[PDB]
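Next comes just one chain, in structure tokens: the form solved without (3E)-2,6-dioxo-6-phenylhex-3-enoate.
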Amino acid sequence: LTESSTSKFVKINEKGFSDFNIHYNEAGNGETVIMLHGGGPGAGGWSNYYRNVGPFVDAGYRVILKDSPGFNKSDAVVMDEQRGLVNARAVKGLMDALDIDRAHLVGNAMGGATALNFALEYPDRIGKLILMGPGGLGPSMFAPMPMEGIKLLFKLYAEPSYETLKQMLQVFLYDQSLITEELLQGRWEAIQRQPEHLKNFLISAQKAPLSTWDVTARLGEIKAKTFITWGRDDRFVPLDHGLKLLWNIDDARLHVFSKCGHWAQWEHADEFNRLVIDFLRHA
């Protein structure tokens, strides 16, 4: 499987979205699992999940790596509402366009916020819910905010440079030996390729700051069986939010990886794939 061979586009129409172009990468043909990426400059579906797509397809799932609005090859957008909600409407729009009745959701960071909002807004359209360091869940009980990684994400959006990208990735990942030239060049290309996305992210964030993303008060509504992952060493979203989710969602479990930053599905791909596939099959 490659980015090119799996690449697809679909126009969506859903509250606010009109003939809005969504790029996604699709492989497999079984039950649908939609994987949703983080919010850093240059993020996208394939980039975030290329270590996960193969094993999930092998396990029998249809995998859709979705580019959220204002990221990668999806259409540019300026949002005036919290991004998790707007992103979730876009997931529903994609599912309606593709005739998908229910999907399992896997959501990393901003994508975790997207997945939580989808579960809340469209409970009849979700199967299981998988969350990796989801963002926006209000204050931490321990971590000063904005968190270290989030400050870097905003710096890179406002003043993109290869050096600042490297600085962000150093904080993003626990193991520094994972920061290859391939990783750096790929992220830099995605940043260079769509400067409009960077500008629009910042305009959006002024319209709806992260303090407006907090869905904590509604977590008791979630009936989806939920699997929460955290990196012990995540400098972008605080570890205690994994506990927050565990206490507030009816049927959740929490798995924390040691020596792991904000990209658990990539940093601990083998264990992540095994745990999440097991969860989807048997939970």
Contents of the next structure:
There are 4 protein chains.
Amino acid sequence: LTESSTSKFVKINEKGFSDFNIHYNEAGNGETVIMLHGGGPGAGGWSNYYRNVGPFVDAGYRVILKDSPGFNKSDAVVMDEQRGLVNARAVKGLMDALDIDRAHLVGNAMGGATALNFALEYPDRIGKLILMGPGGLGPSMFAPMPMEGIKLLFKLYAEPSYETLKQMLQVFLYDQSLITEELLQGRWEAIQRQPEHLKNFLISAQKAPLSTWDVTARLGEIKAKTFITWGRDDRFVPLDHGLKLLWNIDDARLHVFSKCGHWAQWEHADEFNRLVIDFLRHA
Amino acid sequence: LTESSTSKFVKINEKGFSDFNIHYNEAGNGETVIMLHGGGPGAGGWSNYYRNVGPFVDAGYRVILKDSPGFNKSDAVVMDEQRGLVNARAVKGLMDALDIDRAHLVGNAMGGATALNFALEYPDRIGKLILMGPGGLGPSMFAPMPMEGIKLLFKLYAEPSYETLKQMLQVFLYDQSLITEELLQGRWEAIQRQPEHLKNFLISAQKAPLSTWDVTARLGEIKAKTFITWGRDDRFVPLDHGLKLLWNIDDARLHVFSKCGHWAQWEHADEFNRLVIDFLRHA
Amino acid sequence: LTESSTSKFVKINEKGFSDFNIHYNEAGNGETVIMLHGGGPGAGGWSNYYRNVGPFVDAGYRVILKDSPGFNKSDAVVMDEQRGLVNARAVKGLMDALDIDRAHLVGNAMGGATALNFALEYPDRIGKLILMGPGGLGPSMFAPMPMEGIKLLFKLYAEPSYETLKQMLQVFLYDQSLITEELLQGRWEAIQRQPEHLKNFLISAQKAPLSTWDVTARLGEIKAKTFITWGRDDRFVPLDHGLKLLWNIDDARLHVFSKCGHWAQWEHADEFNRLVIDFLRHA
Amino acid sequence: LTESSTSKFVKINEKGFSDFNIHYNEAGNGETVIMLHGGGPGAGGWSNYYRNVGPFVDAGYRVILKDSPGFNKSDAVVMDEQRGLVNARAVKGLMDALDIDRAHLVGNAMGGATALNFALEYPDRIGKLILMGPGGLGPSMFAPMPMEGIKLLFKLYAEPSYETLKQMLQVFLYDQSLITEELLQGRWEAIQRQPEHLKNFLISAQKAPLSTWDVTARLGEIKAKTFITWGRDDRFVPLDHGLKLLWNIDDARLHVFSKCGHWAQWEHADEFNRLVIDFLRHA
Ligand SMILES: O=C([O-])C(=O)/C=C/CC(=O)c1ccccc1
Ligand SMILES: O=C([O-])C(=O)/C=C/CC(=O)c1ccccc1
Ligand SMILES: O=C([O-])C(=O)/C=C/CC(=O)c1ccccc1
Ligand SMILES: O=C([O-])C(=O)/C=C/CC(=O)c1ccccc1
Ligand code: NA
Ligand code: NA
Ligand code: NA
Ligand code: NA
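Switching from the form solved without (3E)-2,6-dioxo-6-phenylhex-3-enoate: structure of the form solved in complex with (3E)-2,6-dioxo-6-phenylhex-3-enoate?
Now the complete complex, all chains and molecules, led by this one.
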């Protein structure tokens, strides 16, 4: 499986989206799992999930790594509403266009917020819900906010550079020795290729601050079986929000990885894959 | 598999144990997993683990459900040292007598303390370490101590009655509707059959208070891959000790079950079994 | 100062209250501080606050220890709405009847919920806000709910007895040696004197469960300078809600007392008095 | 009161210190309060405490703002043992040289660690113990370590610059608008004036890593009445260590300030002063 060989585009039409181009990477043919990426500069479906797509497809799933609006090879957009909800509308437009009735969701950070809004807005269109450090869930009980990683992500958005990209990647990972020239170069390419995405994200953040993303009050509505994952060492989204979700969602469990940065799906790919596949199969 | 058909006895000789009778239930023939029970009145290997033994044996493990000294059908004892360490000596004596060189351990509460002391004292004799609400790890950062469940466990030790047994079982479970006459009767039988165990436990607790059980300071020595499990709704041992372990043990992960009392292995048996088996196979 | 000599009654008329009798104890003549009691059986203004009224009056405050509707010598009531809000309406009716334009509030548990609803509903009628283990603020991130103390409080409501009263008082206090025959007798008298209050509270709880009391989502509206106090060892309302308030209210501080049960105002009266008086004078 | 007019030097002789020059600022003549500063580059007694010295002296205390070895105008040193203990030896040498039998201590961060070691090593030489974000107390239950602020403090030590100094000061404060040219210039002067202190601190940190500073296991020995303070928004030392202390020290209380960085004594000087003075007078 490669980015090139899985790469697809589809036009969506859904509340506020008109003939809007969505890029995604797709493989496999069984039950659909849509994976949704974080909101850092250069983020995209393949970049965030290339260690997971293979094992999920081997397990029998149809995997769609979606580029959210205003990221990677999806169309540029300036959003005046909180991104979780707008992104969720885009997931529904994608599913409608592809004739997918129900999907399991996997969401990292901004993608976790997307997945939560999707589950809230379209409960008949979701299977299982998998959340990896979901963002926007209001204040932490322990962590000063904005968190260290979020500050760096905004710095990179405003002043993109390879050095600042490196710094950010150093804070994303517990084990900085895992940061290869290849990982850096790939993220830098997504940044260099679509500078407008960076400008638009900052404009959107002024229109709809992070507090507007907080869906905490509605967590009780979620009936999807939910699997919450967190890196113990996540410097981007606070560990105690893993507990907030576990207490507020009806059917949830929480798995926390030791020696693990924000990207549990990448830094602990093997264990992440086995747990999530098991959950999809047996929970 | 039944209690009767798996029931075995063996004499142990180890530091402070002389021709000391240990009861255990054993089945299967592959890699050894010794499961270690909690410290409440009536506790024993079969009682705590009868929902787990079958699936672990089906998975290919040799399962030994051990009765710790001063519980169930093991010999009565008054302990002047912290129970985790004394119990761990008993596990080593059992393994020595059965010619078992290395075992994976699963430990609930008092059994979790046992498993931690075993890993500390005999690091060459342990495989993987599985901890389910381990007790004795010092103060909670949030929970007033003694915890509600611990108070009830001491009340039952001092004044055993079927009513107080019922109360305790109600606090052990998140879903009290899961408390059958059969579960009650079985725990009550272990209490009625060996009243001396109750007296001796209380005497032991006066000699060696819970603070003596705290091995927090030595957690950094543990090299066993460790899987920590907790019920979100555990009223016996505090949820934040799951985090204490995750931060202090080198290679650990933490799984917390929603809508789950202290006994995650019983209340969430299916998920518990799948996760722990997966961990033993693949971690 | 005595209960008898401070005892007053006033009729209130406010949204849903018609010629409704409120009992209170009043002393002093400077700025008004209304203290609001917890929701346990037998609770009342004097009982909860008799260690605080003297020092506050010596400091120059007019102190009103209010009996909330359905407690002590206030009129019986069955409430179909969450008690915080209904109680707050009663505080406003009391202030209106006494020609008090603004008051500082001190609220324990149910009284803390009252004080929060008052601050939200009538922001021009409050000075400073003092909260001592306020109840009803939704789930804890650590504590299984209902908490141990809340279970006991409901047990006493349903089956009042002097023994169960004693048990409850034992769980309220960190230092059980502080429980005198006098304290017990006084609480028991309030229970014996108005059995109907007990029945009505249980009926009200069925109509308006604790989740209906959660005003977390509105905490951002509070502009009152706020002083949050908690007993470290509170078995009735969870310590982490002290942090929830500190993060969600604009101008707040949190003081936690070691070796202190739920009743910080009683168990640590001297320090409580000095801190709260200082806050009222200088914050 | 000014830095110049309060400035004093004294030679100390104590375990490992021989004719070692200590600088301090002193004023007042009643009970002695020694204030102990943090470990960031440029830190010193006056810099950390100039908003507190006046009010404490007005209150009747003799205030000594001590420069710890290897900071400000105290002698340079390379330490091969954990700094808390070495600093505490220096406090005892200072008290011995000045004929001070007992002192109250106030300690910020590294100074909090100093104060804890002093209380442990010389319990007959301490009055009350005041701790403001004490450092070195082992892992956080929530915060990835090293914390954001600690990373920046090390960066400034290795590559001192006015820009990096500014960055660090921005992370120290909740309200960055409080950072004046005067505060910056004063900290920069302490850095520019003694570059060797910077080199030596980094060498010392290699010899004695932060884990060597953890005295958690001995907290039970402290009999001093203890007042623990924390900024809610402290990005240097984790808020949950405030709870660790409150649970582990016999007679403690915890006060947390909203909208407050690491330096509670500076950012919330007025409230800090009133609380600590009250504690010294009345606790
Ligand atoms: O790959 C990434 O860009 C990634 O993991 C981003 C994480 C942070 C993120 O999207 C976020 C956005 C809003 C609030 C919190 C967090
Ligand atoms: O089955 C049981 O008896 C059980 O799960 C007991 C749990 C509590 C327990 O053994 C314990 C002992 C010491 C400290 C904390 C907890
Ligand atoms: O004196 C008392 O009755 C007292 O302190 C009661 C505390 C518990 C309480 O009123 C409460 C009510 C609802 C939710 C949480 C707590
Ligand atoms: O003024 C300062 O330099 C200050 O507040 C420093 C705080 C951090 C600090 O000294 C520290 C040292 C070791 C571990 C944690 C924290
Ligand atoms: Na490498
Ligand atoms: Na049934
Ligand atoms: Na007495
Ligand atoms: Na200014």
